[PDB]
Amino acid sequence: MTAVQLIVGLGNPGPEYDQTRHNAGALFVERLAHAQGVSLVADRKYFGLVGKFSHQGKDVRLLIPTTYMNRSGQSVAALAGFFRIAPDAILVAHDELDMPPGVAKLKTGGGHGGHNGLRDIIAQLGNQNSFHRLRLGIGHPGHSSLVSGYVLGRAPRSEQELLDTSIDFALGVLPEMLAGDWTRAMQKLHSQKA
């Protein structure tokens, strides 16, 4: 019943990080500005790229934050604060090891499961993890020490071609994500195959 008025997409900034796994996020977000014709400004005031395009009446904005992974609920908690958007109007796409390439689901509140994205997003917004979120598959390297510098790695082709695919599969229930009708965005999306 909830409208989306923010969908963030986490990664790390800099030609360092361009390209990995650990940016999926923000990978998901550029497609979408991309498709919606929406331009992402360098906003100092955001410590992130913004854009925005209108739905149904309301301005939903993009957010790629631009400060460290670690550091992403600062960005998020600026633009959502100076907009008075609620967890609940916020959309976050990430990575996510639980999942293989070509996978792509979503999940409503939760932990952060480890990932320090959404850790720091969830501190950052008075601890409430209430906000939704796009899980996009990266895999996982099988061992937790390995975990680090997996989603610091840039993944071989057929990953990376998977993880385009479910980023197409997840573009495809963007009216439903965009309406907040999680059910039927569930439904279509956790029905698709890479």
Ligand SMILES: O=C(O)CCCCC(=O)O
The other form holds:
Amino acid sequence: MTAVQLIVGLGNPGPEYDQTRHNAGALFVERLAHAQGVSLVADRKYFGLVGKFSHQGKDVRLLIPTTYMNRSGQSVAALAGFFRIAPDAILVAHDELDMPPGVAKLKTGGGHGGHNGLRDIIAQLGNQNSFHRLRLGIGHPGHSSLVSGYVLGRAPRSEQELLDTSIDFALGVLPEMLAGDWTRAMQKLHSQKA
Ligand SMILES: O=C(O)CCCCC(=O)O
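Please supply the coordinates for the form deposited with ligand 0L1 bound, as a counterpart to the form solved without ligand 0L1 shown previously.
Next comes the full complex, and the chain you just saw is listed first.
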């Protein structure tokens, strides 16, 4: 019943970080923007790359923060505040350690699960965790101590391919996502194998 008005894709700015696992979410928004013919404009007042397309009479915005992963919320808060977009009208695409590559899932509310981008968005939205997430699986190296080095790595070829497959699966269910029909979106998404 609540239509999506902001899609955020999380990532780190700069060449050293391009195409790393931690940029899965920004990759998703980048594919979305290309599929829709939407230009991503560098806008200083939103600390990121911003885009716009129309859907059912409403303005749907795309956002890739150009702050570091850990200050993403200042970008999300800046755009959500200017346009009075409530938490539940926001979708955040992000890498997910808890699912292997090729798998993508939707979720409404909850923890930040250790993810520093998510954590900053929950914090900056005046502690609202109410938003929806597209969790794009990237695997887990095996030990908590390895996590930092792993998300900042470029995945091997087979894994980048499975990521691409899952992003494609997730663009498949865009109509349902934009509409706010989360159960239908889940049913369709959560049944596809890479
Ligand atoms: O939680 C994840 O899926 C991986 C991100 C690692 C946590 C971080 O963003 O600080």
